[PDB]
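J.: Now for the letters of each chain:
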Amino acid sequence: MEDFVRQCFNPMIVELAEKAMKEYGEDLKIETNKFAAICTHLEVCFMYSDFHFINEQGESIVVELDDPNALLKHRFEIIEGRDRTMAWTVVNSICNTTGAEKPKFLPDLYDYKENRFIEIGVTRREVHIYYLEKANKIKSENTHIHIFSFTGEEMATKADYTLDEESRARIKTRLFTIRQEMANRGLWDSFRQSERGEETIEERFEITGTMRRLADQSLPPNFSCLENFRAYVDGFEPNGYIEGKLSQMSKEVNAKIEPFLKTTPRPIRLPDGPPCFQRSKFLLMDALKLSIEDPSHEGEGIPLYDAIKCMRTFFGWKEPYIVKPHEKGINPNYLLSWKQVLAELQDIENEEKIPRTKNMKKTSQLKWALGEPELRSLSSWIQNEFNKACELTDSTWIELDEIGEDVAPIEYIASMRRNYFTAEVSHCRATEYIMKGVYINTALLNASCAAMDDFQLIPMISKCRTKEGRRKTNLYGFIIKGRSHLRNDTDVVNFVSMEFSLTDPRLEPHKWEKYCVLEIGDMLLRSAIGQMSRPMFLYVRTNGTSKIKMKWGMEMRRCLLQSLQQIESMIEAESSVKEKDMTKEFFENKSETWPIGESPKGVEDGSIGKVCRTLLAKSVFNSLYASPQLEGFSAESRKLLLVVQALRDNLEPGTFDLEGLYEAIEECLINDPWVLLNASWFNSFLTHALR
Amino acid sequence: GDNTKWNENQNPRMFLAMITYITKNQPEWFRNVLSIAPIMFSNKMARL
Amino acid sequence: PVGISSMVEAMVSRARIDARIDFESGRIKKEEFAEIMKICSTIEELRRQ
Amino acid sequence: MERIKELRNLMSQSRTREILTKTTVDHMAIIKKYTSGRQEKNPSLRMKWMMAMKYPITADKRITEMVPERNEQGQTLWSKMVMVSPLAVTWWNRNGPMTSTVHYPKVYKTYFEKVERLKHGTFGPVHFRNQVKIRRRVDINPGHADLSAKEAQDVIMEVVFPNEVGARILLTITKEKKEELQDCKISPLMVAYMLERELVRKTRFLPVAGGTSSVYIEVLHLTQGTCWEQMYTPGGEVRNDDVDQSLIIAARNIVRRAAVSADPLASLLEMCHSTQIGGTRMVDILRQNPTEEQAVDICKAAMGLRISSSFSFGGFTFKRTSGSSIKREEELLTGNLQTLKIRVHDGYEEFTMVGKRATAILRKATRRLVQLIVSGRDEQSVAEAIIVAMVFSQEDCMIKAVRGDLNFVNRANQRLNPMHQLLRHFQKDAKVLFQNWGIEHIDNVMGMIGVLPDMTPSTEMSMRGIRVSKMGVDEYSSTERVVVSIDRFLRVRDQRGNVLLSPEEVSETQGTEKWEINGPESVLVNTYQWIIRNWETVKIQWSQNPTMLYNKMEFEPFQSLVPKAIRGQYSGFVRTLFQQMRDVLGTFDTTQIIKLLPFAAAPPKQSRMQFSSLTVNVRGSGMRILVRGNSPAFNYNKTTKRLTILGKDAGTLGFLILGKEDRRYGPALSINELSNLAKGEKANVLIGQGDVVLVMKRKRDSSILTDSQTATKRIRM
Amino acid sequence: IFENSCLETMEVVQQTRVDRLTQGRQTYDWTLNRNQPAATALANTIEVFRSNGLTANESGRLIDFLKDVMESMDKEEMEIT
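Those protein sequence lines, which keep their order, are chains A, B, C, D and E.
Using the working numbering, you'd call the opening residue of the first sequence number 1 and step up by one each time.
Using the working numbering, you'd call the opening residue of the second sequence number 1 and step up by one each time.
Using the working numbering, you'd call the opening residue of the third sequence number 1 and step up by one each time.
Using the working numbering, you'd call the opening residue of the fourth sequence number 1 and step up by one each time.
Using the working numbering, you'd call the opening residue of the fifth sequence number 1 and step up by one each time.
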């Protein structure tokens with residue numbers, strides 16, 4: 001507000017209003033609207049009085065900028081531009097010289113031709129009421145009233161617009177432009193302030209009863225009226241009350257530093273009890289593929305018929321032989337549902353029209369399959385699952401799209417980093433896992449919209465390319481969807497997973513607790529010694545998912561980015577200490593080994609690609625086994641890792657309540673196998689850190 | 001460092017006091033405008 | 001935008017001026033113009049109640 | 001008629017009629033932001049579900065006769081109810097209405113500018129380094145001719161929607177844009193967005209590590225990173241990094257000239273009003289330019305504008321970080337046995353000083369320096385920074401190191417304040433205080449080294465309390481705006497009692513401009529042009545009291561160009577010729593009056609002789625002017641009536657509101673008013689997007705010129 | 001420093017319209033005792049205030065909406081449409 005007022009006016013009117021505001025203790029920092037109103041008043045008076053001279057006879061004329069050649073009587077005497085005393089003095093002088101009764105209220109200008117007392121008022125409200133109020137306050141005296149507003153209207157006394165037409169229209173236009181200018185500047189605030197006759201007031205905010213009653217109840221336990229508290233706050237003395245309060249407070253309230261040496265860290269307490277089973281959404285290592293090696297061009301290859309030509313590639317379906325029950329619930333319903341699956345699969349050729357999506361019949365076994373904490377100790381298999389996730393495979397699983405030309409400075413470096421990472425990561429099994437989750441969740445979501453009422457059959461299909469460079473389509477199994485009336489994103493949709501595999505649950509029975517296993521057939525199996533013909537199994541489980549559960553899983557490719565950057569992070573900081581950055585020396589130096597394993601009671605350091613795929617698989621399992629327990633464990637183990645790292649740099653660190661941190665960590669170690677694997681990893685890390 | 005459950009320990013009446021001291025010698029209407037929220041949090045209801 | 005008039009008071013005047021200009025220099029049937037302005041005066045009588 | 005029909009069928013429902021009646025136009029923006037606000041359902045997923053559907057794109061109805069229904073392979077791309085398949089786009093993209101609309105690169109110039117900067121943007125090597133963030137204040141817009149947002153969106157409204165232009169009815173880019181893209185409009189709203197993105201400046205605080213220009217910042221993702229750096233020169237440069245420099249030079253020269261003036265304030269203001277910078281006026285630029293420089297801040301303060309808390313000293317602008325102060329005047333003895341009264345800064349204080357080429361952070365006690373972190377570019381630059389720092393330190397140690405008489409003078413032969421006297425002494429020879437300051441042991445930590453008196457960096461030894469930062473000290477330009485209290489001698493105080501700035505520290509670079517400071521040709525042409533400009537008042541001021549017209553100090557720059565020896569003879573000769581013209585009425589030609597007038601400013605001497613030619617020394621060499629007819633110095637064409645001064649030319653000899661909408665003078669008009677300009681006509685027109693106002697012609701200007709100064713003739717009588 | 005901050009706060013409270021109340025996440029509508037988007041709950045509150053004798057926010061300044069809020073707590077009956 002203030003800067004704009006100082007912008008659209010000459011510094012003389014600004015100085016006049018600034019001096020005129022020091023008159024009644026009216027601080028200009030607060031009464032800025034009064035500042036604008038007074039500046040407007042003064043410029044209105046000036047542009048009203050300018051260029052009006054009195055001819056040698058008794059009439060007024062107009063002139064250019066200025067030329068006081070023998071004629072100086074301005075036809076108008078300015079009053080408001082002067083001080084109070086000088087204004088009254090000039091008013092008395094002209095009243096005694098002319099014989100006109102001086103007004104009791106201070107006027108702002110005086111005319112000579114009509115010998116009238118012209119007083120002008122600039123208002124924002126309706127001009128009619130302002131004129132009526134100015135008349136009711138000043139009446140019965142020969143004093144002419146002239147009222148302007150920003151809207152363009154104008155009101156004089158008895159239609160006596162005692163000026164020229166254009167010389168007054170100039171004031172109308174200037175006021176109108178000021179109105180518009182403060183409008184598009186958001187400064188039409190003064191509508192509620194000058195709307196009082198007294199054009200100075202600012203918005204006063206009242207606090208009346210039934211509200212002050214809450215203000216009076218919000219004070220500390222010493223007062224009754226909040227005004228007492230405000231006056232108490234107005235006068236405050238920084239006398240040193242803190243020292244008295246400290247001497248008054250007990251000495252036991254203290255931040256006692258407990259030292260942190262390599263003897264203090266004790267290994268993490270681990271839960272004991274039943275072994276932790278698998279809660280992952282789909283099978284990772286035990287599921288096996290049903291290849292078709294088809295260059296179908298992925299032209300939105302209809303995902304159902306791809307699965308039936310998967311089935312066309314395997315023969316030797318034994319009679320469904322239930323092997324492992326659920327240990328609770330109707331186990332044969334799963335195999336009955338499987339028989340229904342095979343029937344409705346082979347019942348398509350009886351239909352005059354192929355449907356692209358088979359809506360399963362509302363069978364009672366399928367109705368039951370869709371439904372229409374304890375301390376679990378760590379198990380031995382999650383490490384093996386992660387190991388097989390870190391292993392290299394035969395396929396590629398990536399379509400990494402092109403990128404522009406390689407201009408010189410950093411794009412060369414960016415290239416020789418990312419392409420090295422891709423070549424060391426493309427053939428990883430975790431890439432297959434990511435693509436698998438992507439395909440399954442994408443098909444599930446795209447079906448969850450159009451199949452809002454009926455059960456749809458969604459094949460767990462992936463695609464890849466073996467080293468011979470030929471496109472291959474893989475089948476992991478089928479999934480039966482419940483009803484998908486997804487009103488919200490937390491709406492639950494149940495599903496049943498039936499996945500092919502070659503791993504017998506009879507080896508590790510506790511792992512498949514949420515699973516019913518059906519010996520489903522026999523397949524040709526090649527080994528180190530010819531064929532073996534190992535049995536093909538079907539793992540069936542019942543679970544639920546929601547829209548957020550799928551979308552976190554349709555965005556799983558971040559696990560590459562999150563890997564690369566968390567690799568690239570290491571390639572920046574440790575390489576920041578270099579005139580010419582160490583970027584190629586990171587790779588191509590096989591002597592530099594990275595500690596990643598401990599089999600023989602000793603640190604087993606590996607090569608670099610093992611590290612790249614290890615971090616990728618870490619991100620993959622963090623995404624698929626995503627659990628708030630892992631979140632809390634990571635958040636609470638970062639602190640102990642940082643303390644250990646600061647000790648490794650020998651910076652004499654310390655804590656306050658390390659037992660409290662141990663308590664907080666043990667509070668989030670219950671049943672998730674991924675969290676427990678990370679915990680045992682961390683214990684082994686503390687063991688091998690000279691601690 | 002970190003302050004455990006610190007956000008639940010900040011008392012709205014203390015905020016009323018610190019605002020009142022920040023609004024020292026300012027016009028009363030402005031103090032009244034800014035003092036609304038801490039009073040509403042001194043007497044506030046929690047939806048279950 | 002900047003303006004103290006009501007929305008309707010500005011819209012009616014803009015419609016009338018546009019009708020005038022695309023009738024005189026532009027090309028429009030006089031009857032369409034007349035119906036435009038009869039609806040405008042209908043609003044003029046309607047915004048008063 | 002569709003719009004007004006919607007209005008009618010909308011105004012019948014009461015709860016909408018009331019809101020269309022009450023709420024005004026000014027507030028449409030406050031009612032535009034009232035939405036349901038729910039259509040945020042995974043825009044990628046909903047987009048994919050719609051793209052998977054048949055014909056998700058909706059177009060107009062003119063494709064029926066523009067594209068075929070079935071393509072070259074019988075693919076459906078239409079509908080009826082008007083949905084459209086995306087492949088239709090690719091068809092129209094292949095062979096359709098080819099047009100010469102390749103006229104495009106004039107509205108989208110702001111992007112092809114970056115393209116061309118990339119073309120010849122020669123690259124360099126990647127010297128990797130631990131890049132440290134420099135908190136700088138930079139602008140993020142290339143090549144916009146330095147136009148503020150308000151006047152730029154006004155130009156937008158003018159060039160894209162003339163029929164609803166704003167109400168300010170009192171500018172060359174407007175002509176250029178309205179001319180070049182007149183009939184080749186693309187999408188008015190997008191055109192407005194593109195021009196508001198091209199022409200509007202914006203300067204704010206960003207962390208940079210070497211980028212100054214706008215071209216060096218728009219490509220910051222290539223230059224700067226976490227721990228890398230790339231020397232990249234985009235083979236170009238813009239206007240907005242060498243335009244504010246012209247204003248800086250103007251302010252420096254104006255202050256340097258006003259310091260000699262008898263009334264520095266009035267002379268400086270009269271110069272600032274009568275100065276043009278690249279087709280513009282200085283007052284509006286200063287009102288809208290956010291450039292920070294001592295002279296610029298003085299010019300702003302001259303018009304009562306808020307600027308920073310700048311505790312400017314020695315060209316270094318200071319900003320307070322923490323700490324209070326108390327005046328507490330005190331006496332001190334020098335190193336040459338000299339009493340000096342001084343304002344001893346008591347208490348604990350914390351400051352950040354930003355300089356031209358160096359910056360520093362200081363923590364200082366009463367007459368004792370606690371801590372100081374400095375960084376500059378040149379060895380002598382950090383030397384000067386440390387000199388001004390030690391001067392402000394006010395320690396007794398630097399007091400003892402004063403050698404010689406302390407008499408340093410202003411250009412007006414004035415006593416400089418004691419602090420500035422110490423600084424100006426130390427700036428030439430400061431090797432006395434260094435070896436007398438004190439040395440200490442440091443630890444050489446975190447890229448913080450010490451300096452030695454012999455201009456040598458050191459690892460474990462430094463001066464007492466000093467730290468030299470590697471790769472730059474972090475700058476902080478805190479935003480604070482408070483009113484100023486300017487005096488008549490160009491020394492500004494912050495109204496509480498702090499002298500903020502003074503001209504004693506202004507000049508370091510006499511930039512070659514990329515009122516007698518220009519060549520004497522400009523003195524001649526400017527004198528004659530000023531005579532021709534206010535000629536109508538001179539005509540009667542030459543007749544009435546011409547002794548005041550001659551002694552007008554506006555002739556002093558030219559009165560000093562005529563040789564100082566034969567000045568009075570010329571003055572007496574021209575004055576007696578003027579008196580002869582005054583006596584014999586009617587027998588006088590104005591040409592000779594303009595030809596010989598500005599010489600009458602001299603104190604005449606009654607030379608019993610006459611003249612036919614008068615001489616002026618320009619660049620040494622003398623140029624003549626005759627007394628009859630034309631000359632190369634005064635060449636006035638008979639027919640053209642134009643005056644030629646050394647080839648150079650020298651002179652020659654909206655509307656208003658009448659009230660609200662008034663149904664008298666016809667129906668309402670649009671804002672295109674050239675046919676009612678017959679001799680003058682009143683007409684009611686809808687201005688802006690509001691109501692209708694009457695409009696008449698004009699007879700006066702109402703500018704920011706001397707009309708504002710006429711108040712001094714009725715005030716302060 | 002508190003006084004300069006207060007000056008900026010006064011400039012804000014003078015210029016602030018009701019649009020700066022829409023820029024935000026989901027809000028709580030007390031009219032329906034339910035969480036609703038910002039502009040929806042705002043329009044509900046505006047219409048239920050206009051149903052009663054509280055029409056100060058028509059000026060557009062947020063301070064007038066706050067004045068309406070203040071006057072609203074003083075009334076005995078609250079009829080919702």
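One should not assume that every hint holds.
Sample of chain A residues facing chain E (criterion: CB under 10 Å; computed from the structure) [stated by the list, open to error]:
{"id": "1", "residue": "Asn33"}
{"id": "2", "residue": "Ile79"}
{"id": "3", "residue": "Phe191"}
Don't read these hints as lab results, they were simulated from the structure.
Even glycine gets a Cβ: it sits at the ideal position worked out from N, Cα and C.
J.: Hint by hint, note whether the structure agrees.
T.: Right, here's what the structure says about each hint:
1. Given hint, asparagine 33 of chain A at the interface with chain E, holds; its Cβ is 9 Å from that chain's nearest Cβ, closer than 10 Å.
2. Contact between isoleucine 79 of chain A and chain E, as hinted, is not supported at the beta carbon level, the nearest pair being about 31 Å apart and thus beyond 10 Å.
3. Satisfaction of the interface hint for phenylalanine 191 of chain A is found here, the shortest Cβ-Cβ separation to chain E being roughly 7 Å, below the 10 Å cut-off.
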